[PDB]
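Next up: just one chain, as structure tokens, the form deposited without the ligand.
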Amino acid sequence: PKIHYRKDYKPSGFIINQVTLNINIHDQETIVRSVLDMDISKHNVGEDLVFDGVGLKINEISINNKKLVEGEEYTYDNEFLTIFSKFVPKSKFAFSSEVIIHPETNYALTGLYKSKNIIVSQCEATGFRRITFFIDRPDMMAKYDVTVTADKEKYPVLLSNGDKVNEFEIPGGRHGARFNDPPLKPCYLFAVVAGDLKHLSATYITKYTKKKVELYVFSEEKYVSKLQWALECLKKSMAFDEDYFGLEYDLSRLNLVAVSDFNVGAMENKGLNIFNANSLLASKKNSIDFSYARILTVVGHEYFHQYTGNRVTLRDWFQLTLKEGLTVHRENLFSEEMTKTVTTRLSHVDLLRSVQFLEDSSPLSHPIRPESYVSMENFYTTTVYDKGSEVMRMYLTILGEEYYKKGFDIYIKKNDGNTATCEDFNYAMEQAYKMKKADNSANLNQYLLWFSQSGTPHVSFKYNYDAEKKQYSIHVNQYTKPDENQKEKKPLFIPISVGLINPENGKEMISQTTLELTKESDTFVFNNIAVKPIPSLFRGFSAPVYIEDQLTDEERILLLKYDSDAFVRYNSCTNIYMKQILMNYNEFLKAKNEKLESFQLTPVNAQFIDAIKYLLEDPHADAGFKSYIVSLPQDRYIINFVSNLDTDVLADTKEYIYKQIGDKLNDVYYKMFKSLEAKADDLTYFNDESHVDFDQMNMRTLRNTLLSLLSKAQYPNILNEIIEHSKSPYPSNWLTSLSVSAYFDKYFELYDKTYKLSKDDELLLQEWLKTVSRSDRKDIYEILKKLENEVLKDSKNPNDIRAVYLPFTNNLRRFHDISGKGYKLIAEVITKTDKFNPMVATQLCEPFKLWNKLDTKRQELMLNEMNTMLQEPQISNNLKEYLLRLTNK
């Protein structure tokens, strides 16, 4: 397998100026005719002309209308088309080809494929080469003129990039549409859609130029009514980019299209955004609450790419984080502003610290700009996206809003063209940094280490207070563990947003302060500090790091109750939980190892439990925040802090801790569950498709969290509440009723009831599948077999496969069953899936990412399954590369 190296970037010896496509869709095949108007670039050294072209069936190829002969003038090996240099012209020339492809049986969902009754493309990163021959790399900028023809009755709606400039009838019940898109673009932003699509539409009038923009949202006829929220989110997204960034949409039309079969959430093709239906379609009746934030987020994200990805392009794929980290950051800013809840930021931090931290301490650890790849598809990671976004967000923390907006505008103005690298963004931000610091000797050269250095920094603290001097010191240390990417780790530029809380009255003692840690260690001193403060460290989670606060649980409880910053409160709670988890874990483990007949456990801190009760009973406190405080930290967060983690021992630890807190607070939980009902479940706006209330949805989250806690505890008569909850109009409620009934003899009754409720909506059935999959059932293996035989079957829909299998892998007790049956089951699914969809097969490997962090026996069981998967004769390049890196081979 070819390994591509970052330091090897060289511009192409060729230029593609113009692409002219004719895509002719027929019943059994699609015919693709392409004329490339080409040139020789200044970097040309007389090399062969090599095009990317994967799985293409050649009918003919030509240079300047002269047919080329196979073997003599060219070879094709189903991956590269090589035209020998002596046959390549020395000035401007036309390359043309006609190939046959088969979207009907393209189950990998890359290139041109059929999703149900829709023909659709997916070209990022390297899928255009699956449609026709090309120098398939993002620095090859070209103009596109695309004609699509198809059966009119089957495919009445035809879409590509640019303006529809002609529509025509074709004999035999066919029709065509031509689309010209004069602005230059990379081929991964080419898109085509053909289907019987229904739409909603609106007009948006831009803020400054007052250009009218046509907004169209598309789906199959059955689900067209589920498009309204997406339309509202698009409007919101356009307004936000205008209001915050001063950026207007430049085209006269934007199309959003939902498809049922999609590898990821969506795709930002210019003017023609294509979406996983689960990230575009929603209704109050047929969607869970989560669909609303998911649509807002994904619609926002793809919209924001129009500048950060599309108008400013990548030079090469190693720069992925420059578009992805920057757009996730813009997306997160958008969502925070639209939702107006502190839980939006908390949820992003919750994702990074569980999922991405796991990745960064695993054998798959890479920097946000990697030095190499084999498979581009394996490159779209939580590190590149979510740590990338935290790195992009630190610019704004360091600069503040005014100067960040200056450096951003500098970046857009200097690179609106035009390809760019991560250094181009850093340069732009550095100019703002020079302006902010008021000296042109200031630089951000050390900041670049955030792009190149893998691993999570550990930031630890020590404190000194001198009562007579009124002088407070914070001593800070940073440390990143060596890994396979760097022997030596260097100190990073770490911004630490801090407050100092007066423990006597809970007040702020100092103004907003961001400590700039640029060394391995530093001491920050504060004068005129009247009383010994409690430090509020890394406000808003100001750097993507392990925080070691070295605070007592009493100090943490006081931050939890009194601090102004949502993250530090949440983190203080998290830290209290972690200390307890680690203590009880070691006590259980010692008992297990020593085969003790009797032993002790350290109870949960009583004042902590008292602080939880205080916050839950505070009517002015946020319901979403409340649901975090009653929940223990994620398993994938916990595992970063324990060597050779025994999953049964951890399951016993969590169980003990939840019972300790429930024994004190269950009456409080029950009272709140009941008192929240009216507002949480309010039906006033149920039939208003555009009325979305994130606070109310957080109240439902809280109620559903509490119901779960009460059902686990077998709170007296709680089954009555569960049964009533199943009668709710909200899917979040009635699907919660299913999962919490797991502990009761009424489970299969609610199984059948909720199935009947879900079965006639494709997306809702997938949510039902997730709920069953995640159900805390002792017969969960028999249940999964039932799902396979009765619901899933041989579906190749990634949403169906992911819904059945992934949530079950979060079942700590059962997925990690000591026989290895859970590991075996997932491995069988990966191998089966890899035959038709390597990308999704790789996604299904996520459970194994923590393999080497578990107890010796479980390490061995997982490793065996991965080596077995590796031994499969037909294994894809994508899966093979991933497992080889994961198993350190």
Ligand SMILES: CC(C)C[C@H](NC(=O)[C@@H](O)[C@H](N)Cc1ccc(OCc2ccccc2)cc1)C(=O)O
The other form holds:
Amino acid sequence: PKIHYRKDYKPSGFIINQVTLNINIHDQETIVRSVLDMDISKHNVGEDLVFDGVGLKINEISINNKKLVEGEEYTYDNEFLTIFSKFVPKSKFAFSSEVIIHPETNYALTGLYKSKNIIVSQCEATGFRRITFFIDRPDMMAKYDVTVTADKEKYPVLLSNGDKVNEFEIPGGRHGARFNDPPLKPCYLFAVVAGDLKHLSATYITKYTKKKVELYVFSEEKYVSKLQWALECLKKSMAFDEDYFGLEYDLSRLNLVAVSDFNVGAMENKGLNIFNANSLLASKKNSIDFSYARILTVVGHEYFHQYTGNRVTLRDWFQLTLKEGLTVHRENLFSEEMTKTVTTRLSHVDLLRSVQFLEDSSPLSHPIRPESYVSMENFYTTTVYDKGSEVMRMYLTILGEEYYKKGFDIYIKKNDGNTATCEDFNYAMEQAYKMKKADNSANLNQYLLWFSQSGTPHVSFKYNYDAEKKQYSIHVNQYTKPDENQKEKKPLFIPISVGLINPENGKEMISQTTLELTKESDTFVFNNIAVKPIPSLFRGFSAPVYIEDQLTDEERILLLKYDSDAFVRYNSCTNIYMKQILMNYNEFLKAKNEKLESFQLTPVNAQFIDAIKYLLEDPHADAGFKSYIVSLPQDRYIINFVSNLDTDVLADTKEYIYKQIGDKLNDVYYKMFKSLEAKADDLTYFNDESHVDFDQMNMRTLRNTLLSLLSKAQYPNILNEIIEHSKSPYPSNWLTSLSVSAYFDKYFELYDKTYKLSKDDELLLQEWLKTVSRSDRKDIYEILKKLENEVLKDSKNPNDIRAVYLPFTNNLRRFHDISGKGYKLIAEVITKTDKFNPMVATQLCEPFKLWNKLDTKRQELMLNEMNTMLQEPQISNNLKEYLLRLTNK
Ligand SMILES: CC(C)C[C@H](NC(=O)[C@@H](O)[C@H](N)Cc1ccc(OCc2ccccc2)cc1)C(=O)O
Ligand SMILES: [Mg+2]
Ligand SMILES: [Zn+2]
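Mind sharing the form deposited with the ligand bound? What's above is the form deposited without the ligand.
First the chain shown before, then all remaining chains and molecules of the complex.
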């Protein structure tokens, strides 16, 4: 397989100026006629004309309307069409082709495919070449004129990019629409949709130009009543880009379309965003709370690409983080402003430090701008997206809001409807940095290391306080562990937002301060510090690093109680838990290894338990934040701190810590579960489709977390509460009633009740499947088998497959069963899925990412399943490449 290197970028010897498509959809085949108006570029050296073209069946090809003949004048190997240079004109010419494709049997969901009764395209990154021949790379900018025809009764709604310029009838009960999109775009932003779609619409008037924009949200008829929140999210997105960035939408119309079968969450095709239904459709009756934030996130995110990705484009796929990390960052700012809850930021940090930190210490570790790739899996990653987002957010932290906005607007104005690279972004930020520091000497050259260096930096602290001098010192060190990408890691530009808390009264002792650490170590001294402070370090999580605060648990407790920054409070709690987990883990591990007949465990710090109770019982404290403090750190976060992690031992450690705290706090939890009911489950706005209260949803999160704690504990009579909860109108509640009932004889009664409530809404059924999969059941393997036989069957819908299996992979005790049966089961699913959808098969590999972090027995079991998969004669390029990289072959 071909390895592509970043440094080898060279412009094509061809230009494609105009694409004119005719897409004729029939029952058994789709006919795609394409005329490319092309030219020879200044880089041309009289090479062969080579088009990408995957799985296309050629009816004809022609140059200047002269039919070309196979073998003589072109060859085609199902991947590349080669037109021998002697037949390629030397000035402007027309290339035309007619190919046949088969969206009905395209279960890989890339290129043109059928999702239920909707025909839909997915072209990012390399899917356009599965529709027609092209030079399928994002620097080939062209104009598009697209005509789609189809059976009118089956496909009454025809959509593509641009303006609909004509609609016409065709003999045989068919009809057509022509869409012309004169602005240049890369082919990965082409889309087409045909179906019996229903819609909601609104008109948005832009802030400055006062342009009327038509907004249409589409879905199949069955679910059209689930579109209202998306439309509200879209309006919000557009207002935020105006308000924060001063950016308005440029086009007459924006369509959002929900489809049932989709490899990812959504896709920003220009004017025609296409979504996984699970990231567009929601109702209060038929969705869990999580859907509301998800739809807000995904509508926002694809909307923000209209600038960062669609108007300012990528020259090549190595710059992916410049559209994805920057767009994630824009959506984070949006969501933070929309939700007004601290849990928006904390949830993103929680993901980065579990999932992305895991990736960055795995054999898959890469910088946010990789130097090479064989498959797009090397790009579409939590590193590129989420660490990329934190790299983009660090500019805002360094510059502050006014100068960040100034630098952002420099980038937009300079690069609007060109291609840009990460260096172009850094440049624009640097111009702002100069303006802010007040000198053209200052630069951000060191900052560029965040794009090229892999691995997570470790930042550690020592302190000094001189009481006589009133002088306080923070000594900071950074280190990044060498890996496969850099043998010698350089110091990064790390911005460290800090506060100093007076431990006597909880007050801030200094103004807003961001320490700029640019060397391997530095000492920051503060004068006129009246009392020894407790430092509040990396406020807001100000750089994507392992923070080693070297604080005592008494200092962390004081921050947890009294600090002003939510992340630091959360982090201090996290750190207290980690110190406890590592200690108890080692005590259990020693008892297992030494086969001890008796041993001691270090109990949970009582003052920490007291602090949790203090916060829980504070009626002015935030319910979302409360839910994080009563939860231990994610397993995938904890794994970053333990070599040869024995999962069973970790499961015993967690059990012990949870039981220690519950033994003190269960009455508090019960009281709160009851006192929260009225506001959490308030039905006042249940039938107001547009009324979304993120604080109220966080109250339900807290109740549902507490209920789980109480049910695991077999708190007296909790089953009564569980059964009553099953009767709630909110799916978050009644599906929670299912999961927490796992600990009781009522589980299967609730399984049936909740199945019946879920079964007639495709997405709700998927949420039910997740709830069953995640259930803490001793007979979980038998339950999956029942899901497989009765519900999932041979569904190829990636939402169904992911729902049945992924939540189960997080079951620490059972997925990691020492027989290896869990690893076996998931490898079987990956291999089955790989036959028709290599992308989703590769997604299903996720639990294997930490394989080399586990105890040696499990390392061996996982490695055995990965090698079994690798040996499959029919393995896809995508899966093979992924597993080869993961297993360090
Ligand atoms: C909210 C947001 C983070 C949601 C998120 N959306 C996005 O990633 C969009 O903007 C992307 N352009 C859409 C996209 C994502 C992945 C992708 O694979 C190409 C590929 C091919 C082979 C192997 C791995 C990956 C193509 C498009 C979401 O879909 O989950
Ligand atoms: Mg289905
Ligand atoms: Zn994106």
